[PDB]
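Here you get one chain, nothing else, as C-alpha cells; it is the form deposited without the partner chain.
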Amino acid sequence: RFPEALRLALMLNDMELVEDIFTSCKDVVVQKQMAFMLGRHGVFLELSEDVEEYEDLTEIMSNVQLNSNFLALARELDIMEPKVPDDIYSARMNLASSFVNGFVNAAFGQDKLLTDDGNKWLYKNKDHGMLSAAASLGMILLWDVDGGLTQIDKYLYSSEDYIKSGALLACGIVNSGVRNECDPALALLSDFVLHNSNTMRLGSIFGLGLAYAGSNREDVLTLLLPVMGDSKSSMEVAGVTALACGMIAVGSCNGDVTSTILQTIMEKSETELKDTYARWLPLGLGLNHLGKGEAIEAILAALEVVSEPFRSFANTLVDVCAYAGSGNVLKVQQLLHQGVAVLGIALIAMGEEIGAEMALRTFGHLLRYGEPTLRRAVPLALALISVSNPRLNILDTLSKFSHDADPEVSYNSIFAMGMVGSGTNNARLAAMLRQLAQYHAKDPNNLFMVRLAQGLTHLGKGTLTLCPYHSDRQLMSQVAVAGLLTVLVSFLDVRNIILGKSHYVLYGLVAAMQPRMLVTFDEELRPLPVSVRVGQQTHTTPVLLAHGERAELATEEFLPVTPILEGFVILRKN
C-alpha cells in the first residue's frame, strides 16, 4: 500500500526517504499518482532516463498540464469572461486598480486592460506603480509559459526602464511553479542581475527568485550571491537578493548563501542596519533554515557579534523561522522586535489547532489591551494563522479594529481581512469591504488597502487558494510559507515598504497560489467524470472544495489510487 508511505516521508521532510519510496515500486500508475503528489508539494526529483516511464513522470512533476486542466475547469464553470476592476466595486488608484485586475484574472490568460496594446494602460501609471502594472501581466498569464512569454516579450524591449523591469518580473512570475525544462527565465533574466540601473536589478532578481523558488539551483545561486557584495548594490537590492536566495534555497541549509548573508551583515555600518530593507537579510536567513529547529544554534552563536539593536530582530526572526512548523509549546512561552515575536507565535502555532485557538485568544487580547506598538503586528498574525479561512469571529474582530485611530492597525486589519477571505466569494466579507470602502472614501491609504482586500477576496474568481497546507491539512508547502512570510514581514513596515516604492513585493503571494479544484482521471490521464459527496450533497466533477471539506465518490464502481481525494486523482476500474 505504497501511497501512504510517501505522505509520511514527505512529512518527515527527508529527501532520501522521498526518492527511496518514489522508486522501489512495481507499478507505473502509482508512480504517476506519487508524481502528482510531489508536483503539488513542489518537490522535483531527478530520474535516470532509463526508468520505465521517465517521460511521463517528468512531465507530471513539472506541472506542464496544470494550465490545461485549470482552463478546462474554467470552461466547465463558464467563467472565462474578464472582470474589470469596476465590476468588483490619481496614480494611487490606478495602481490599486491594476492590482485588483491582476488578482481577479489570475490564471486566466485574458484581460480587458492589458489588451493587445497595453501602453494605453501602462502610461496612465507612473514610476513604480507603472512597474507593478507591467508586472501584473505575468500574474494574469500565470502557468501559461509559452503564451505568457509570447505576450510579455513585447515589453522586454521598452525604452522605459520601469516598464522593462516590470516585464522582467512578469517573465519571472509566469515561470513560477512550472519548472519547464528549457529554462526560459534564466536565459531571459540573467543579464540584468548586475545591470547599471538598480530598478533593473530589483526586477531581475525578484523574478529569478520567484521563478526558481522550488529548488536550490547551484547556478542561479552562484549568479545571484555576488550581487549582495557589489558596491553599487543599494540596501534594497541587497535585501531583495537575500530574499531571492532564501526562497531559492528555502529549507536547504545551503552554506554559501548562509556565509554570504553573514558577511553582508558584518560589513554594514551601525547606521545602515537601521534601514528597514535590512530586515530582509535575516528573513532570507530564516527562509534558508525554515523548519530546521535545533540546528539553528550554530547561527545564533555566529550572530552574537552583530549590533545590539539589530541583533534582537535577526535572532528573533531566524528562531521563529527555524521552528515555523514545530508547534513548540516552549518557544511560544518564550515569545509570550515584538512584531516579529507575535508573527513567530502565529507561525509556530498554526501547526496544530489547539495552539491555534490559544493563539487566536492571545491575539484578541493583544488587539484589545496590548502594547500600542505591539498591536500593530497582531492583525498580520491573524492573517497568517487563518489565510483563506473565512472565520466569522476573526472577520468580526478585524472589522471592529478596521477603524482604529492608529493608521497602521487599520491598514494591517484591512489587509488581514483581504487575506483571510482570499480566494472565496464570501458575500458577508464583500459587503463589509464595500461598506468600509464607503467609510474610508477620501482616505487614500485606507482606500488602497480596501481595494487590495476586495481584489484578494475574488482572487481567481473563487478558484484559487493561498493556504499553505494541502492533502488533508497534513503537508506544508515551504514555498507558500516563504511567500507569505515575505509579504507579512514587508507589511511590518507597510507605510514605507508597501505604501512607498516597493509594493511590487506583493507579487510574492504568487508563490503560494494553488488550485482548490478536484479532478479525476482514468489510468490514461483522461478526464473521467464521476459523482461525489462533498461533506465536512452531490455534484458532477470537476468540483471546487473549500478549506475544510472532504469529498467522497458515491459509488463503488471506481477505486482511487490515493486515499486522499485532493487535487488530481487517478481512478481504477472495479
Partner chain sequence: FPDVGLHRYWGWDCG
Given for the second form:
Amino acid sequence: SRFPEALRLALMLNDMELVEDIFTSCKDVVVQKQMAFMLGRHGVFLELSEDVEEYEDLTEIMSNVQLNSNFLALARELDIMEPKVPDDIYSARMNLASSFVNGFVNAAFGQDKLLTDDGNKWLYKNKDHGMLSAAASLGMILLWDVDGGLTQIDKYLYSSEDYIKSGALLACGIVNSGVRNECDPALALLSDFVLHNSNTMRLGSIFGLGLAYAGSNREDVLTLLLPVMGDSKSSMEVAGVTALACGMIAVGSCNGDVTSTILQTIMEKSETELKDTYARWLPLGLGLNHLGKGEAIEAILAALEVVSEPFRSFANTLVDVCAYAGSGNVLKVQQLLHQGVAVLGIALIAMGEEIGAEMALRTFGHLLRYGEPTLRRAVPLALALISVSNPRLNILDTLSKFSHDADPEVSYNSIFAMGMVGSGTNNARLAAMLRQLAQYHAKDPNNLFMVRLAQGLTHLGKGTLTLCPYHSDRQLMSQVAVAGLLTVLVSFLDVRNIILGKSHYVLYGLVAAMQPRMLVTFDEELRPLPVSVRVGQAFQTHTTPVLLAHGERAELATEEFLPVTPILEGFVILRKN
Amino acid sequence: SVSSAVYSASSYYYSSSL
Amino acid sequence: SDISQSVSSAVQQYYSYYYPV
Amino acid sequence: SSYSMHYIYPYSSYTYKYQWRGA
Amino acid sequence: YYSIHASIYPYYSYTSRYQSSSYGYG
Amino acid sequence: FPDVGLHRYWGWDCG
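The form deposited with the partner chain bound is what I want next, because the block you gave corresponds to the form deposited without the partner chain; please supply it.
Everything in the complex follows now, all chains and molecules, and the chain you saw is the first one.
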C-alpha cells in the first residue's frame, strides 16, 4: 500500500484516468492530502463529488490557495520582506529594463517602491508598449495573491489610456496563474475585451486569459477564444497570441477544436502573409496542443502537406519536436542533427535524460564554435532550455565567451541564456560577470537591455524561486512550465523584431514556470512543524523550511517523524512515531 | 452576460460598471 | 574574445571561426 | 482614494464598491 | 569546401588552409 | 540581503 508511488507513476504516464482511479479508493485522509499537494504541484486539478469524505479540504489544497501564505511565512523566516529597487541590483529602453528588473526581483512578495499606492508617476515615465509592460509588472509582483492582487490592480482597469488598461488586463491574468481560485474572477473581468475594437486590448485580454487558464482545457474559455483567430479585424499578432493562449489552455490535451481551428487559420493565410514572423506563433500553439503525445502526431503531419513550402518546413519541424519533447528519443535527435527550431527541438527532446543532455551540450559547443553563421543564433537558447535554473560553470563560461560575438543576435541570445541558466540563484560568479559585461556593453542599448534582463533574472524572487520544469526527484515534467519556456524561447528566435520590437510582453510567459524551491513540513493538521534535515546532493544540517537547489536531496535527520511521501520536496506531511 | 456578478452568487457589469 | 581565457585543446589557438586567429 | 463610489472612480476619474467586486 | 587563410569560408559565405573543415585542425 | 545559513538561503550584497 503506497498510493503516492502509484500516483507518481501514473503522472509519469500522463494517464489521468488512472490518476483519478488511484486518488479515489485511498481510505486514509492524510495520504489524500499529501497526494493533493503532489497534484497541485504538478498542475493537475481533478473534480471530486461533494460527498467524498473531505471534499472541502482536498479541493482547497489542490487549488494552491494557501501557497501565498506559506511563501510569505518563509519570507518572514529569512527576513527578506524589504523591497529592492532596480538600482540596488546594478530613455524608454532603460525605463523598460528597470520595470522588468523590478518585477523579476520582487516577484511573489507583494511590495514595491515603484508601483507604490500611486503608480501613475512610474507608468507615465514610459511610453506606448513599454507602459503596457510596466502596468503588467504589477501583477507579477502580486503573484499568487489573487484577492490583494485584484484589489491593487482594479484602479487601472478604468484608465483612459489604452496601453495601461491592456497591461492591467494582462496583470489581472498573471495574478491568477497557478492558483486556480474558485471564483473565475479573471474570466469575468477579461472576457469583454477579447473582441474589443482595439487590437492592443485584445492582446492584453487574450494573453492574460491564456496565462490564467493554462492548466486546464476549459471548454468555455476555449469557446470564447477560438472565434478570435477567424475575426477579420484580428491582426496576425492577435491570431498568433490567440493560438498561444489556446495551446497553453489546451496543452497536451489533443483538443480537436483547437487543432481544426488552427489548421483553418493556416489554410486561409496567403503565401505572402505566412512570411510574417507572428505566424510562427500559429504552429507553436499547435505543437503545445500535442506536446509529448509522440507517434500520434503523424495524422496532423499529413494535413500540413498542403501548406506553402517555406512555412511547411517550420510548422512540420516545430509540431514534430513538440510531440516528442519529453521522449529523449535517440532517432529523432539523429534526424534533427527552420534550422533554429531544429536545434531547439534537439534540446527539447534531450532534456529528458542526462546522457543525451551531455551529448547535446557537446553538440551545442561545437555549433557555437564552428556552425553555420545563421544556425548559431539559436544555439544559446537551446543551452537555456537544457539548463534553466542550473548554474553549471562550463555552460556559463561558453555563454560568457560568446557574449561578445560580432553577430548581434548571437550576443543577445547568449546574454539572455546566461540570465536563464542562473535564474533564481544569487550566484556571485554570474552576478560579477553580468556587472562587467554591463560595463563592456555601455553605449550599446540592445546588449545593455539584455544585460539588465539577465541581471534581474538572476535575482528572481530574491533567490527563492526556480524556473526548472522538472520536480519530484527530477522525474515529472510540468507541461505548463514547458509551454511558458517554449513560448519565450520561440519568440527569441526573432529577438530583434519580437522582443526588441513591440511585443516584449511575451516575456511574462515565464510566469507559467515560476515555482517555489522551498521544503516545508506540516503535521497532519497542516500546521507548520519545524524538523531537522540533512540536505546533501547524492552535507550540512538545517531546520525546515529549507531552500533546496537544483540537484539536492534532503533526508530527515532523526527517526522521530515519518514522512507520508518518500520525496522531501515541496510540502510534506509528517506523522508521529 | 458571461462577465457579471450577482456576493458573487454564493458568498453588476464589470467592464461598464453599470 | 580577444585571447588567456580558455581553449578546449584547440592549439596558435583556433578556438572558433568567429574569433581572431 | 482606494475605493469607488456609486459611478465615479476618483483616481482614474472614470465616470458613468466592495473593492474590486461587483457589490 | 575548404577555407584559405583575414579568412574566407565559402561553404559558409563568411568573411573575417585548415586541414579539417569541421574543426579546423590548424 | 545577508545570508542566512540555518535555512540554506544564499543572499547577495547590499548585504
